[PDB]
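Assemble the complex: chain A is given as a structure, and chain B with the ligands must be docked to it using the hints.
One letter stands for each residue in the lines below.
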Amino acid sequence: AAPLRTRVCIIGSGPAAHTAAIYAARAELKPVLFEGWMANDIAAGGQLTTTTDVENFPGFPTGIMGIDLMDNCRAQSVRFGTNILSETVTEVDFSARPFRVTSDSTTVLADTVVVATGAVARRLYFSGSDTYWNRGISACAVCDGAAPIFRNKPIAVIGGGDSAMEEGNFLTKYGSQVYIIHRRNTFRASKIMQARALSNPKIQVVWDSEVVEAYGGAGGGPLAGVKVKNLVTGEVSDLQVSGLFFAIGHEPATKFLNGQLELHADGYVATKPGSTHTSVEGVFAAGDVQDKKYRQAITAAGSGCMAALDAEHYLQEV
Amino acid sequence: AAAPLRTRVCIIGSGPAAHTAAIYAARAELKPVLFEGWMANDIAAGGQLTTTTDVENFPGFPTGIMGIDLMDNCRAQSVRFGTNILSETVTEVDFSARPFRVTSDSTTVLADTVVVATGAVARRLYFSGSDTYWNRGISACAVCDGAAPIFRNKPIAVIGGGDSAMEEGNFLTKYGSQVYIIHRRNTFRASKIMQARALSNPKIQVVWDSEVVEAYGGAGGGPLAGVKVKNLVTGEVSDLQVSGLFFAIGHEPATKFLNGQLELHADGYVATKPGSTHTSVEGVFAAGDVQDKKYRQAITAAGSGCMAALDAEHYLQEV
Ligand SMILES: Cc1cc2nc3c(=O)[nH]c(=O)nc-3n(C[C@H](O)[C@H](O)[C@H](O)COP(=O)(O)OP(=O)(O)OC[C@H]3O[C@@H](n4cnc5c(N)ncnc54)[C@H](O)[C@@H]3O)c2cc1C
Ligand SMILES: Cc1cc2nc3c(=O)[nH]c(=O)nc-3n(C[C@H](O)[C@H](O)[C@H](O)COP(=O)(O)OP(=O)(O)OC[C@H]3O[C@@H](n4cnc5c(N)ncnc54)[C@H](O)[C@@H]3O)c2cc1C
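Protein chains in written order, with PDB author numbering: chain A, 6 to 323; chain B, 5 to 323.
In isolation and in its complexed conformation, chain A is listed as follows:
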């Protein structure tokens, strides 16, 4: 009954959301941003808070920790007038204008909305997966591959996408042998990507299989092996390995929208290519919630900028 009214409501708190906030606020639109309260089991600030060392975000010659970069983006958004609610959005209503955005505690009436809730890397929860997390297992092959523990030892990658093919190749630069493990006998990845990996000397595919257990050594040591179950024969085999990486995609954060935006089948928001426009006039989508191809902080930042300008431009025509 006491709804905040704003020209621009931003949902999410990664690089996209914050770049959008910076431009919307500087354009004197007084944006309200919902940064979440551990929304989606990711801290406000977004995926970057789950990594330690960001080296490819332009402007930081020495690199910068994700948490610090995102601390900066938020301080910047606040500095220009962004009103940040530390609340998770649970529901929207895009059938009427102004649009309604609500959390547990707050209700906002917004002339435009930027959806920038991002995505989260997918993992499995087979026996041993929590146990050996950061002690062999990880969901970022590229983050951790170089690391000593894996050098010259065998690595496993689970997945059947383009990501799995490329992370597999990437890992054969550090490991002694790489195993791609996939549930089916056929890859979802492009025919090209399948070939570049299948042609790789240090990669061996393990079709028709699932990992059913990860175990360690010692002495409570780090990851030492995985039990793999063939899904045709039923047979279970030990497979020695110092690393296991998840390359099974990313889960775009769109369930809260309850279907009110047109999505692709993988759940990402369908945008007008080369803009942030969605299926609903006045609602925009920026960042990883609508990009599975690049998935970078820098691209997502760019997209957030675009979402602000698009919204600003849509306000002017209305």
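Think of the hints as simulated: they come from the structure by calculation, not from any bench.
Among the clues, some could well be false.
Derived EDC-like pairs: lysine to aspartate or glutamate, alpha-carbon spacing no greater than 20 angstroms straight-line [to be verified]:
id: 1; chain 1: B; residue 1: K260; chain 2: A; residue 2: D46
id: 2; chain 1: A; residue 1: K234; chain 2: B; residue 2: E92
id: 3; chain 1: B; residue 1: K234; chain 2: A; residue 2: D73
id: 4; chain 1: A; residue 1: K232; chain 2: B; residue 2: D76
id: 5; chain 1: A; residue 1: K35; chain 2: A; residue 2: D315
id: 6; chain 1: A; residue 1: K260; chain 2: B; residue 2: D46
id: 7; chain 1: A; residue 1: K158; chain 2: A; residue 2: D243
id: 8; chain 1: B; residue 1: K232; chain 2: A; residue 2: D76
id: 9; chain 1: B; residue 1: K298; chain 2: B; residue 2: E256
id: 10; chain 1: A; residue 1: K207; chain 2: A; residue 2: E171
id: 11; chain 1: A; residue 1: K35; chain 2: A; residue 2: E317
id: 12; chain 1: A; residue 1: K260; chain 2: A; residue 2: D98
id: 13; chain 1: A; residue 1: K232; chain 2: B; residue 2: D73
id: 14; chain 1: B; residue 1: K232; chain 2: A; residue 2: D58
id: 15; chain 1: B; residue 1: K298; chain 2: B; residue 2: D167
id: 16; chain 1: B; residue 1: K234; chain 2: A; residue 2: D76
id: 17; chain 1: B; residue 1: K234; chain 2: A; residue 2: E92
id: 18; chain 1: A; residue 1: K232; chain 2: B; residue 2: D46
id: 19; chain 1: B; residue 1: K232; chain 2: A; residue 2: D46
id: 20; chain 1: A; residue 1: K234; chain 2: B; residue 2: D73
id: 21; chain 1: A; residue 1: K232; chain 2: B; residue 2: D58
id: 22; chain 1: A; residue 1: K234; chain 2: B; residue 2: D76
id: 23; chain 1: B; residue 1: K35; chain 2: B; residue 2: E317
id: 24; chain 1: B; residue 1: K232; chain 2: A; residue 2: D73
id: 25; chain 1: A; residue 1: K277; chain 2: A; residue 2: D315
Same frame as chain A, now just chain B with the ligands:
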């Protein structure tokens, strides 16, 4: 769906409780159908024990046994006696009618009795740094990991305000140099006794009205080194050096799927008739951590699963 499995006893869950219930139901020739989940609730079939490495207090194993192996044995045992195990997660039940209807994505079972044994899952927070330093300082099992070298003689933090937080705090002062309980309020939910035994502890310091907003490491990409704590009154944020941080903020009983059809306590646990597995619905039983927040052991949960089988067997005979 239109080809429903019919059974005297349908068991939902795959921990010690479910499997002991299966072992008894199957041996009593009741041909139980068990839904072990497909990573239901983001825990492997086998249950919480699959998230630990060394179980030392389950009677019968003088040398200890790894959780995964123990639960591999329970399952092989359930199968050996005829249990039909679906590797599927239950999404919905119907307890308004008999036989009871239990369904997963793929299967529908019509059951004369149901044993709910879906257990629980330790709660955690997802502040910045929490995934990062998981197993590299941060953990949800103070008692599992406290002894470990990394923590010896260094400062530890515990988050929570329950009886568990008080006791895990005390337990940690045996290994650390100093222990900090961190809680959102200025008052503890724990019993007045427990609050006193911790507040009286020399090596424990409480950090009221606070939240952890970040965990950071050292080096060189080293292990947990500190946490940023935010006071919720003043707003101030402070660095607090620490080699370990443990979650003692309770357990989440796996009862949402029941969608209200069993009477729950406010914390979500299934309300059972004390000293049995009887629930608010005749013919439906609850065993294990899904209805026990007090003991929470594999051995007690096993005992309770046995009870659920015999209770159901006894209820079939009177019906
Ligand atoms: C391990 C790892 C390492 C990475 N390293 C790099 C790197 O070195 N360089 C690089 O460029 N990129 C890196 N990335 C990728 C980068 O994190 C993402 O590409 C980028 O963060 C996408 O940002 P986004 O703005 O789309 O939001 P995200 O970072 O995905 O954040 C979305 C945020 O919105 C919040 N939210 C979600 N739902 C709601 C809701 N309903 N209401 C309110 N808030 C909500 C979430 O809590 C989340 O904090 C890495 C990713 C990972 C996982
Ligand atoms: C890290 C850790 C270490 C521990 N170490 C010990 C120890 O050494 N000794 C000890 O006695 N106790 C220990 N415990 C506690 C012990 O594991 C639990 O008390 C015990 O497992 C409770 O078992 P349960 O049978 O009630 O169900 P749980 O083990 O909680 O299992 C429930 C299972 O059912 C499945 N499930 C849930 N919902 C559904 C659904 N809807 N459909 C299908 N399947 C579903 C889940 O996937 C899960 O596998 C430990 C706990 C933890 C977390």
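Can you give the numbers of the hints that this structure goes against, from lowest to highest?
-> Every hint satisfied by this model.
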